[PDB]
Every structure is written in C-alpha cells, then in structure tokens.
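For reference, the chain that follows is the form solved without ligand SAH, supplied as structure tokens.
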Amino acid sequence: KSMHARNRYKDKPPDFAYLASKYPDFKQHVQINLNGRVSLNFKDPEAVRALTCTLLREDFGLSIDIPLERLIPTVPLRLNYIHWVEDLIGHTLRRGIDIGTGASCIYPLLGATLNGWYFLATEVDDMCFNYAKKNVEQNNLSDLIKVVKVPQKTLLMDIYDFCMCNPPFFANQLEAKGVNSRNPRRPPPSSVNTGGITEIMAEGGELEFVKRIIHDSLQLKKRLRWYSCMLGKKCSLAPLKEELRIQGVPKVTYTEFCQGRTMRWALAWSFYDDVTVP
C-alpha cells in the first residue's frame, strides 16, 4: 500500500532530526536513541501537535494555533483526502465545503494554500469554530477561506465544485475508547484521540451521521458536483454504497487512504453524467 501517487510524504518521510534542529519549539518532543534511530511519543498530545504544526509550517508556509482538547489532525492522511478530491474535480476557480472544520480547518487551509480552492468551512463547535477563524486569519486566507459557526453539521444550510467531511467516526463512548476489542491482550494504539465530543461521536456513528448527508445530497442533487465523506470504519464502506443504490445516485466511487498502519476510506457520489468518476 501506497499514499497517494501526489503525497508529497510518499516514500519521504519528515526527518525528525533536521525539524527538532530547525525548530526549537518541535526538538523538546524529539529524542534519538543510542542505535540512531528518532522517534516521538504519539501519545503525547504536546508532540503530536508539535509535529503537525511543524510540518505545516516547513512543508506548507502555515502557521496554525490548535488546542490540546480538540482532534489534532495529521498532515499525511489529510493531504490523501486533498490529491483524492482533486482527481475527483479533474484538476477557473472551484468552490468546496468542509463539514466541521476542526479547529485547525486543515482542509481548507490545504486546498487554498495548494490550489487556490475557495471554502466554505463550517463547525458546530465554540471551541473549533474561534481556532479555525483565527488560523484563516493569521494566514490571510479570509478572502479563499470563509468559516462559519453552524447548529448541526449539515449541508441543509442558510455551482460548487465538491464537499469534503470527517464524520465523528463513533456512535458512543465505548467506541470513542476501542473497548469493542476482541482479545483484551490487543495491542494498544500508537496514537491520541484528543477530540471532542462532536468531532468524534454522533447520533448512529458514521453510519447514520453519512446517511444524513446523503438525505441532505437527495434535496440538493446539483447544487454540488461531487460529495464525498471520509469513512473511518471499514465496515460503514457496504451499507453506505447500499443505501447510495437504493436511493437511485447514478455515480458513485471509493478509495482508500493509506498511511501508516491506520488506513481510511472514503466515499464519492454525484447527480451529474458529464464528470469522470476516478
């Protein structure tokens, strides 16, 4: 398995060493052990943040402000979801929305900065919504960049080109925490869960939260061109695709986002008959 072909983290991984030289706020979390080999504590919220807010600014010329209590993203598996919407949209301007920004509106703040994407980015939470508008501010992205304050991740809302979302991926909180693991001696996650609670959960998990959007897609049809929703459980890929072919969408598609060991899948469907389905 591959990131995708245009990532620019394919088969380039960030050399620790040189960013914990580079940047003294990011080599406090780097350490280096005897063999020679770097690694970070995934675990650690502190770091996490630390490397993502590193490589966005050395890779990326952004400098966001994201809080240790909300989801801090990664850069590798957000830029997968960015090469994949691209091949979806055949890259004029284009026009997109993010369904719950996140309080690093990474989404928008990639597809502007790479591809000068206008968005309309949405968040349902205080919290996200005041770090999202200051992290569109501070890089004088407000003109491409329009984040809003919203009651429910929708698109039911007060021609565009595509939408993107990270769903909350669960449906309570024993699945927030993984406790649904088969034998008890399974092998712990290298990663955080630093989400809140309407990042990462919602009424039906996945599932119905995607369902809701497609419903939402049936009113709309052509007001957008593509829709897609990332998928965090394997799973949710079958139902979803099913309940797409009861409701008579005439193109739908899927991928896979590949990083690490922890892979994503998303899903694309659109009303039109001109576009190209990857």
Second form
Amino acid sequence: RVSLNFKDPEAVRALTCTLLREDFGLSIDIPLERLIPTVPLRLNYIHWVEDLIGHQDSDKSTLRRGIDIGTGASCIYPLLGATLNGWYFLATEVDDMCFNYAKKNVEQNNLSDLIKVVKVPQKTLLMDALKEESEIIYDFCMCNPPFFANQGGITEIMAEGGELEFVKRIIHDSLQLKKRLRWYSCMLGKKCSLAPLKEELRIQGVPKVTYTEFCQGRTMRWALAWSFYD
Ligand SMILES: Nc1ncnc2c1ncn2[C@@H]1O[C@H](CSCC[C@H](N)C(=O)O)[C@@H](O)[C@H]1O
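Give me the form solved in complex with ligand SAH now, not the form solved without ligand SAH.
Entire complex below, previous chain first.
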C-alpha cells in the first residue's frame, strides 16, 4: 500500500522514518500536514555545525549546547545532534501541531535529558528564548527557516523570498546577544539570499562570517554562519 513513487509524500515519509530507525535507532511519528525532513541534508547541516564549534580532546570535552529555531514536528536537528554527538538542545516552536509532535518524538526516543522542546510566542525568536540566561554560553544556534508570505498566483515566489526577512531577524537578535552564543547559523533555500545577508553582516561589523553549500542530488541548499568572537 505504501507508494513506490518518491514524488509522493507518503513514500518520502516512509523513507525518512525507515532510515532513522535503521541507521540511528530513532523512531519518529510525523504528520503529512507538516514539512517532511530529508535526513541526508539534515546530516550535512549537523556535520557543518561540528566543524564550526570545533573538536575537543578527552581532557577538554564538554557538553555542547545548541538552539534549534523552529524544530518542526520531526525535531530532526536535536534528535540527530543528541544521538550522534550527545549534544544538548533547546528546541523552539511556534506551531502547536509541530510542538506536540516534537515533544512526543523526544519522549518516545528517551531524549528529554538532552532535548528541551519549548513553545514560544509568534513574535519571538532568540532573545526571548534565552530570557535572563547568564550561566551558560551556547555553542550554536541552527535554523531551517519557515517560508512566510510577508508575515495570489505568485504566493509561492513571495513565501520563498520571506526567508531573507526571517534570517535578518536572526541577525538582529545576534547583534544584541553577541558572545552569549558562539556561532549563529541558518540554512538558505535560494543562492540569491546569500549576497544581501553577507552585506548586512558586513555593514553591522560582524567579525566572523562563513558559508557553505549542501547538495543532495537535485536539491541544493546553502548555509550561512557568523560569530562575534575574535
Ligand atoms: N519565531 C519562531 N520560533 C520558533 N519556531 C518558529 C518560528 N517561526 C516559525 N517557526 C517554525 O519554524 C519551522 C520552519 S520548517 C523547519 C522544520 C525543521 N527544522 C526541519 O528542518 O525539517 C516551522 O515548523 C515553523 O512553525
């Protein structure tokens, strides 16, 4: 009964869920109403974060702490980061369906000690999520941003371009938080998003700026990361 045509979301969901069970021992339940993550592309981003935050010798090994902005119903970045690397995550969500599924997915995989799923107000991002945080420095923030039109026949094109305004909000919050987080990062869907974002960091005098390209056959993605550390 499960479709063999990989253009059908039922086949993409079955493949994601099977891959996670077989390769990572992670059993997840996700709705067809929400974005279905593709594991290879999610892994590329986790590995890029490993490289950014640096390697530790046994004597200097610590618990790494990260924030996932918009964790989705799958809670895919925290589930992978926690399972593969033992990383701690603060995983945020504004969507109620996504929040319930993410919380349930963390519980069914007994990862509540490493992943804290939180429902945040729609107007909030990083600043509010870290309300009066003065005990720890987070190693990273990561984000697969939503496609909001403004926040018609060209609604899709408009929604895709809404990625730029969402990343600009992460940049805005980073200018206030600064060294509270070591690396700020975001995944980009369009190559044309990179140039205006790099320029916005340059004019704001952000000392460290880096970027990469993730490729999974047909699908091409970019990621941008920045830091206030010298
Ligand atoms: N301000 C905000 N804070 C937290 N989550 C937000 C948000 N605005 C939107 N979101 C959520 O961000 C998500 C973007 S889709 C990315 C889902 C997941 N990280 C993946 O890679 O598959 C959506 O689930 C949306 O509800």
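Residue numbers count along the first chain shown, from 1. Under this definition, the rigid core comprises the largest set of C-alpha atoms superposing within 1.5 Å between the forms.
Only one candidate in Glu137, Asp126, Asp143, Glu203 has its Cα displaced by 2 Å or more between these two forms after core superposition: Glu203.
Taking 2 Å as the criterion, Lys153 counts as shifted between these two forms: its C-alpha moves by at least this amount when the rigid core is aligned.
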